[PDB]
Structures are given as C-alpha cells and as structure tokens.
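Coming up is one lone chain in structure tokens, specifically the form solved without this ligand.
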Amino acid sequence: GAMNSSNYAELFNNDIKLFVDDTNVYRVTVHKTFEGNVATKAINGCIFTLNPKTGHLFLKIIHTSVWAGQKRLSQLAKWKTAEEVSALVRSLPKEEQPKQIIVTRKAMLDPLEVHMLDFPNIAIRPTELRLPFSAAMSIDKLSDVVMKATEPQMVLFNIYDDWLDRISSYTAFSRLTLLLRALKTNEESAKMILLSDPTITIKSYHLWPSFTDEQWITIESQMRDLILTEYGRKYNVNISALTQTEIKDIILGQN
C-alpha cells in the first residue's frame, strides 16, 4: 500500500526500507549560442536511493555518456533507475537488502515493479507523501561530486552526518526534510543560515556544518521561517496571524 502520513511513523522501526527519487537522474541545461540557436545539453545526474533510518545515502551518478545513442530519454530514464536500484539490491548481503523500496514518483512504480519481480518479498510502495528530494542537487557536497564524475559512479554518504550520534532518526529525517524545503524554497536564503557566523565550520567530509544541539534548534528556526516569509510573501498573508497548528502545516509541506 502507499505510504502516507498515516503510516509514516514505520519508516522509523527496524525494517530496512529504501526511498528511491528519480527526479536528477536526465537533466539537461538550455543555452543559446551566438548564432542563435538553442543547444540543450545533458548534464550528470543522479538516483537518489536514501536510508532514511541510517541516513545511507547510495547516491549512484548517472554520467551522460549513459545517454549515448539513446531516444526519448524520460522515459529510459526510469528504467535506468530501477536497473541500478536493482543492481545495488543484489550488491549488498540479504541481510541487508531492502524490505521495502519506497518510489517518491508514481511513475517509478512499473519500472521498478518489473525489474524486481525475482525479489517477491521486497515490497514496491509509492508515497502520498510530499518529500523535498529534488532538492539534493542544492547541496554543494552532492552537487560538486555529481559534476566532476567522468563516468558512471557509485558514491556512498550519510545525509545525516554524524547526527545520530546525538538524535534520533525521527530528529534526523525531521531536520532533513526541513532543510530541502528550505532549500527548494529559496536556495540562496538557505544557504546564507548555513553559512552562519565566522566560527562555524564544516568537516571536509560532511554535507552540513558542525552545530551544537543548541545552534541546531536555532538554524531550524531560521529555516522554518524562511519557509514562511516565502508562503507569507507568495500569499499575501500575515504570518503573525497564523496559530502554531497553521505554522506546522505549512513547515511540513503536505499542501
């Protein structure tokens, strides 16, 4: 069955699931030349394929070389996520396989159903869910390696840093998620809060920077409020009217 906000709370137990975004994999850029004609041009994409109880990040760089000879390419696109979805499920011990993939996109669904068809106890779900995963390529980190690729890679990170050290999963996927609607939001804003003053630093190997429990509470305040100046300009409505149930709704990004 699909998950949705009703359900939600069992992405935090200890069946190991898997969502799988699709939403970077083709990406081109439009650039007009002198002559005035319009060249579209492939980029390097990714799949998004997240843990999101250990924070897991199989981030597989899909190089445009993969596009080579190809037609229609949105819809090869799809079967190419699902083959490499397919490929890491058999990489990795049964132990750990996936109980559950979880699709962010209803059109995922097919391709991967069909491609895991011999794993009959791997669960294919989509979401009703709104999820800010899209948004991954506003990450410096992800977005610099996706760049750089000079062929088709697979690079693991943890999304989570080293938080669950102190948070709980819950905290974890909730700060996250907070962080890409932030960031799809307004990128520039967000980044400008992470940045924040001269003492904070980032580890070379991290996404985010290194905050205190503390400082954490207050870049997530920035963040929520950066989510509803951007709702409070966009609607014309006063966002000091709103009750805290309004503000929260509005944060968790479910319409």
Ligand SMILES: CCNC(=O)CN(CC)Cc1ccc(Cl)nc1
Contents of the next structure:
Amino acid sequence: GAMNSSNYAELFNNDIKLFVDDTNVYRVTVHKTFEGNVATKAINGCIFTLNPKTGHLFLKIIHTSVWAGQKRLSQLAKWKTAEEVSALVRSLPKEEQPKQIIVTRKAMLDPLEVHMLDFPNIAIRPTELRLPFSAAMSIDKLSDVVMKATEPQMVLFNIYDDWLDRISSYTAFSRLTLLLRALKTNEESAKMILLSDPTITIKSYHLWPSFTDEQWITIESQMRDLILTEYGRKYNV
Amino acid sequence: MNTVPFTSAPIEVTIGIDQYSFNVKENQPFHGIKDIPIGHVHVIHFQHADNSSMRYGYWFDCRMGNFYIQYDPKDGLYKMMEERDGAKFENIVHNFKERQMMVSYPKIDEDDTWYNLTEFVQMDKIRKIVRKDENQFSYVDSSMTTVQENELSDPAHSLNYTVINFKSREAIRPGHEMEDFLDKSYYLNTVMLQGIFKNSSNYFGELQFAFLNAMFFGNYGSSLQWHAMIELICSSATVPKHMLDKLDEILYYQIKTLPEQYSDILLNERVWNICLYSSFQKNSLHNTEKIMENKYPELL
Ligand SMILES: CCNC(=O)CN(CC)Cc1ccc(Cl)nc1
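Please give the corresponding structure for the form deposited with this ligand bound, as opposed to the form solved without this ligand shown earlier.
Whole complex next, starting from this chain.
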C-alpha cells in the first residue's frame, strides 16, 4: 500500500528499493514574446531515482531535445520518467533488480505500472510523505551536470557521500531529508549554513562538506532552526 | 407465439419475464406464460417472497425447444426443463390456455424496448459465457462470479465474459505504452474487434448481456463487465461511425430501462463522466447524454 509515517522503517530493510521523483523532469523558464505574449523555453532536467539505503542516486539527465515537436509536455514527462525507470530496471539482471519502486507523486503510478508489465515482481507504490526531493537541483554538483549536458546521459552519485561508514541508513536518510527540506524552504539560508566555515571543504567528488560528527550536529540543528523559522515568517507565529 | 408452462407455483415468488413481472401467491393457481414473442432471446427470473437474496433466472430462445418451469422442493427453486415429447407439450399447453391459467406476455406494440435491449444478444454466445451444455437454456443468479473476478472460486458456475484489462500486455503494445493507454483504438479495433469478437455485433451482444444480468440479478461482476466494454470504446479515439451510432442507441435504452432508484450502485460515475464529458466520444453520444442529464443529473 501507500508509504507513510507508520511503515517508515521498511525503507531500510534488506530489500534494495528505489524512490522515483519526477518534479525536475520538465523545466521551463517563462518569458515574453515580442508581440507581448508569453512563451516557455525548456531547460535540461533529470529523473531523481535513489536507493535510500546505500544512497546511490541514478541521476538520469533529460535533455531538452526530447521535448522537440511534442505536445502536452507535462503529461509526456511522466511517461518519459516511466520509460527511463523501466530502461534502468531492464539493464539490471533479476537478482540486481530492485524489490519496490515508490513514486513521490501519485500521477506517476499508472505511467510506471504500464511501463512495468515486463517486471511482475516489482510493486509500484505511492507515499503520503511530502518528501523534499524537488530541492535536488539546489545541490550545486547535481545542478551543474544537468545544465551542462549536451545529450541524454545517466550519471551515478552516492547522495550520502561516505556517511555510511559512520552512521546508519536511517540516520543518513533523515539527514538528507532535513538538508533538502532546508534547501527547499529558503535556499539562500540553507546554503549559507553549509558553506559558512571556509575550512570545511566540499571536495570536488562530494555534494556535501566533510563535516565531523560534531559539526554535523551543529549543522543539523541550524537547519532545524531554519525550517522552524521560515514556517513562522510564512504564517506569523 | 410461444409458451413457457409452469407445473405449479408452490411458494410465494415474484416472477419476471423480460422487463415484466408479477406477484404470485403461495399455491396460487399459475401455469405459465403465453404469447412470448418468437424471434428474440428471453429471460425468465425469480425472487422468492421469503429470501430476496438470490435473484435467479434462465436465458432461453423458444426456437431451440420447448421449455417449462417446475419447482424443485429438494433444491428449493423454480427449475427450467426441456420437454422433448412435442405432443406431450402441445397438449399440456393447450389444456392450460383453455382453463386460462396463463398470464400473457404483456407486449405493447409501439414498444420496441426489449428488441432494443437484446438486438445483438444470441443464445449461442450466451451459452459460451454460461457453460452448462447439456441444457439449451442458461442459468444465472445474483452471486455468480466472473472468470476475471476468480482471478484476483467454483468455475462450473462462473460467467466466462471476455477478459478486458487496460493495464495488461494484451492491451499495451511494447513501445507504444503512452499511446496505447491514453488511446485504446489498437486494443478495441485490432485486439478485440478483429481478434476476439470478430465483429461489433458480438461485442455489442456481450455488452448487452452483461448489462441485463446486472440489471435483473444485480450481478456485480456483470456490471463491471458492462462498464468495461463501454470504457474501452469511449477511451478509443478511432471508432467506426457505425459503432458509435449504435452504441449511443444501445446505452440510451439501458439507461431508459433502469430502475430510477438503482442508479447509485449500477452506474459507475467515473466511466460515464469519461464517456460523456472527457473521452474522445464526449460529442458522439447525444441520445445517451440527453437522457442521462435529464434523468440522473446528480451523478455528474
Ligand atoms: C537500482 C538498483 N541498484 C541500487 O539500487 C543500488 N545498487 C544495489 C543493486 C548498488 C549499486 C548499483 C549500481 C551501481 Cl553503479 N552502484 C551501486
């Protein structure tokens, strides 16, 4: 069934599963035409497919050329997401194939279900969590590869860097979602907090600074305070 | 004019013949139904006064033999049976008419309702959906499940309707995933019409039978089937014009004949709003849409 607060811990059991998010697949800037009308110009996007235990993020890059000559792009984008998720599952052998795909938006269910008639042992599920994966493009490293790409391309990342040498999957995932929640609510503040201390390096092969445990605790607190505050600034409390 | 004689009426029962029905009292002298129009399939059906659970009934075609009803106090129901002795049969029937113990199929001659509800329904096809081949007539009741229901228990007693499933390989061609699912014309015209049913008439006949089983017995799975055969058409962008125009007439008469009070369970909102307002055929069912809006506008 649906994935919610209650069956939270299942995402960290032995089963190797993926989360698919499609909110950054179809991206447009909206501008004005000479005649005074409004037109959209597409820019590159990605599917955000992630193993929440290891953190491996199969970033599929969606080149604006895939939209060319096509109608009803918001609807196509979800069928495109489903074709690309399907192709990924089709490259991996049976043992290597994941056990459950959880789509972060309910509109993806039928698209994927249809593009997975070929794999009957992989359950497609929705979730009732408001997961912040759309803030994925606030991660500089990931934004840059998407914007620079010249062709369809798949890139491999581990979104937890080396965190799993020291903390658990559960703990790695709570940190990631706190970071992404911060980023979504007020990106500038979120980013300030991450780069404040110049001594801490964002090594080229990392999205996230190489904090110590103690620095992660301080960082994590500061993100909490941010998330709390933007809620007040928005509802006045 | 054909006759369906009844041996007797031991138990209080509501007897139906096609869309007509009358109350028969326990041991009321009642010996069957005369003036039944030859040339169409019919259904004769029953609902006991004591147990309104289990509506049940028998599809038959008087051209295929002489059929009569006899109550069975062992199994507790009115049973359709065939008489092969043609002279034993005429004699029984004649005697019962002379004593005038038969009610008269009460057909108004301006009324084409039953014709229009059964236009495409043929006993040969019924007999493949309801398998019991020692008999020329076909039993149905409220509780029988479909072959597709039993997929997701007793098969001798299943409704073997044609399996339709929009999220399946049969329905979706590899490489046309998005196209075949938002526009089912491939599935309707090639898979089903050209492939399984062969012509629109057989399809329409299953369509029609499903609806009637739904209406007369409240057979839940038949309603599902009905709604599914409609959806496939309304969800197809390319339908022969001859199919659309007949479909409009088929549904018009189904909506007309439905009890005003049963439209809550037997009509699936999602399917009808799609057919009438969202689907490709929103503009192509003028009669069906006019009578739905004037009779059941709540649902929309
Ligand atoms: C989606 C299927 N694989 C996963 O979920 C994560 N993998 C487990 C099978 C670990 C992995 C896989 C591939 C590469 Cl290049 N690096 C690591």
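Residue numbers count along the first chain shown, from 1. For clarity, a rigid core is taken as the largest C-alpha set superposing within 1.5 Å between two forms.
Just a single entry of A39, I43, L195, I217 exceeds or equals a 2 Å CA shift between these two forms, which is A39 (rigid core superposed).
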